[PDB]
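Omission of a single protein chain aside, the complex is shown with its protein chains in their original locations.
Order of writing sets the labels: A, B and C. Residues in every chain begin at 1.
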């Protein structure tokens, strides 16, 4: 119903966007943050280094960014494509279903945090004109050892 | 709106129960399974050894059972208390919020499987008239090692 | 109303009509995509190729294997495998046929929910159903209780089942199957001076394996029989018309199933994994699992496999115990055969999840209706 993209204080208000493939945040400063909310079937690109990014309640979203200081957080969303062109220390995928983290040749140390999520794939680029896909686990096994709970990752390899 | 507890074929149809503390499944056979659905604020007790138990879309549910051959599966529920008096090989907690697995002095080898869940606690009994509580992790850390994704459990200890 | 059965395999998709003696369509569960590396966000998704077409264009395309380990990890890729199954392989309208889907063991609750979603929302199906693979294989042998050894293309599972309900703590995954044996056969054929390297040459190795490879009753007895005489040696004709003579490779290739140390695997053998699984199960069910061992999928088609299984299980289990390995000749398609018989039954039309039901409950309805 409503629709806006604007810098409110220090944060980018990318809200209620519905079917827009050419969406670019060109002017940027380390200080600034981004909050993408209620975007359905839209593609967005943040150019430059910024503090942090959050994606809340987005359906079929696609985000490309250059560099991040803090974290990129994908929350209560579905079918989200996220990509680094530069560096990103952490990618958090929380209560989201279908999330494709396309990393960059620098973001290879990127920590992918997951919680209440599914269909998560970490895309690692090769020198072959493509990316190799790798699924993120989503089921876990806790045991009573006699002194403490021991939780192990239910592998897909 | 509707309300029934009955043996349909081989499965117990404990469906649409709303505020009943004294609910017991007395007659039981290894062969039989239990499917507790849409129960709000009710307490149920299965007496004897049965094949399996499932809890689907239950709010503030409390289940006590004796022995299980297969698995106890808690699905799309909230605020669920589950207890073994005997033996249970696996307890699966899937898309549920608030789940308290009270184990038994035999069910100490019980594997607690978790997926898209939160507020999970494994209750281990002591010879002191109570149980010691232990939380189940719910946030995870995946890394690119250079050849494969490495996922580690974000501890609460 | 003609219902479809779709077995979503780690290596091959098996599809057809419920009631038919075998799957009408059998193709590689591979999706091939053009190579891209820039801004990787989809505006309006271009061209894609599925199956044998993808696999052949291996060099020039990035190939996606979404069912690689039994569990579907990518839904856009899966939708492409399904859309190719419907319109191109089976040449039918999904909107007119109720559809049954096979599911891997230890499949996430979210995974079964998404299967339902895609079926109803992305293919407009009148009804659908999710059944577990090992269960359908057991159901084919008429049994509802037994330990199924399912050896497919990319994964091997041991699945104990009591009264049509799998015992998940005792399910054993062994990431050693068909593609691994074909690979090893290629590795050990280099020894005799034969060089199979092209995607096209692999097809010949797969052919050799399927035709000449047998499981030895006693490996060392056979390795000495192969060393003393050329009695066990056999000839194979290549496409060009040349004849190659293969020796001990015949039994050394499916011996990796029992001895994984042959490919550098720390994993225990298929006989060990079976025993271990029955041991994990309750003492009250062990007898039934011992007497009802059901073999399923392509990588169980080897001659002598069942005889060896008997011999190795008799060895680990107590002296008193009765062991019966069951290897139906249909075992290569027994999952599909099971689902075919199931969707066929007149006392199953109640069992389907209809779009009227989905319109109300959503994908969560799979847990209740597919129990």
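We adopt the following convention: a contact is a pair of C-beta atoms (placed from the backbone, for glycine too) under 8 Å apart; a residue touches a chain by one contact, two chains touch by 3 or more.
Residue in contact with the omitted chain (choice from A:40, A:113, A:123 or A:143): A:113. In the complete assembly, the contact with the undisplayed chain comes from A:30, out of A:3, A:4, A:30 or A:157.
Even with one chain removed from view, chain B keeps its contact list with that chain: residues 21, 43, 45, 62-64, 81, 83, 97-98, 102, 118-119, 121, 123, 125, 128-131, 133, 135, 138-139, 154, 156-157.
Those residues of chain A that touch the chain absent from the view are 10-11, 30-31, 33, 35, 37, 49, 51-52, 54, 56-57, 69-71, 75-76, 87, 89-90, 92, 94-95, 111, 113, 115-116.
The rule we apply is simple: only the chains that are shown with their structure count from here on.
With centres taken as mean Cα positions, chain C sits 31 Å from chain B. With touch defined as above, residues shared between interfaces to two or more other chains in chain A number as follows: 118, 135, 138-139, 154, 157.
For chain C, residues that reach two or more other chains under the stated contact definition are 108, 110.
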